[PDB]
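Shown next as structure tokens: one chain only, the form deposited in one PDB entry.
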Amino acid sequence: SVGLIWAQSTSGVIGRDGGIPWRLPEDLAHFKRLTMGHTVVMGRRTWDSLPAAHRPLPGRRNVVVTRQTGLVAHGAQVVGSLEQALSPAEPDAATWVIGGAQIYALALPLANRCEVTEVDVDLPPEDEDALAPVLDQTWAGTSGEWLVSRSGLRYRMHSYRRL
């Protein structure tokens, strides 16, 4: 089982200036609960985007997709393709693809689940933004109710499964 997990603004922004252009502790806790104990697969720019206290993501096997021989920053297992990241895989569990836009694009044809956090922040897409992947007719989805964060931002979760 291969799952994509991401947080996006309503406008579909996931990334800006090498990071995430909002702060949402409730999403981080959701991300922790779904990924803890599992393999997380990410592109190299997302690896470098991790704050130092979260690089590597503790309690998860961190696999980084790169075309380089290896990385200066420690704690990852490097692979040269998504296929190499995904096999062999943890039994009875999802392998989570955790971004960014380039690796979501590679992983979307292979995924059977998407877990999306939508953040009601007003972020018109800017020229160099990373955007969320668009899901096609092969996905069925359900949506949770709108929630309010302690910081006042409204957010909700969407869960998609491959038909």
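Numbering follows the first chain given and starts at 1. Basically, rigid core = biggest C-alpha set you can superpose within 1.5 Å across the two forms. What changes on going to the form deposited in another entry:
With the core superposed, residue 70 shows a C-alpha displacement of at least 2 Å between these two forms.
Same protein, different condition: the form deposited in one PDB entry was shown, now please give the form deposited in another entry.
Since only the chain itself is given, any partners or molecules it might have are not part of what comes next.
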């Protein structure tokens, strides 16, 4: 079963300048805990954004989507489409699409769950930003309480499931 997991600002930004334009350790820990032991599917640009001690993401089957047939991605499985990523030779009980914006758009129609972190950070979008997908009426969700990070940002977790 396919789920998406992402963190966004309220304005809908998920990425900027090849990374994520805020710091939120509670959300990184949330991501690690939900995905550990499972398959994580990502676009090539998100693979390229992973810091060194996280490339590959440890304890998870990393699957990278690219059109570059000869791509070198040590510690990851390279595939040529999202549909390939979602058709493993070796099934996983849980597969998480972990970004980026390009892959979320392709995966959202194939998914039954989205785990969304909302970050109250003032981030008016900039021209090159990666932006969150939008959930339409086929999705319904529940929201956690607004929390404050030890780092100071307000945030909260939403869980959406396909109707």
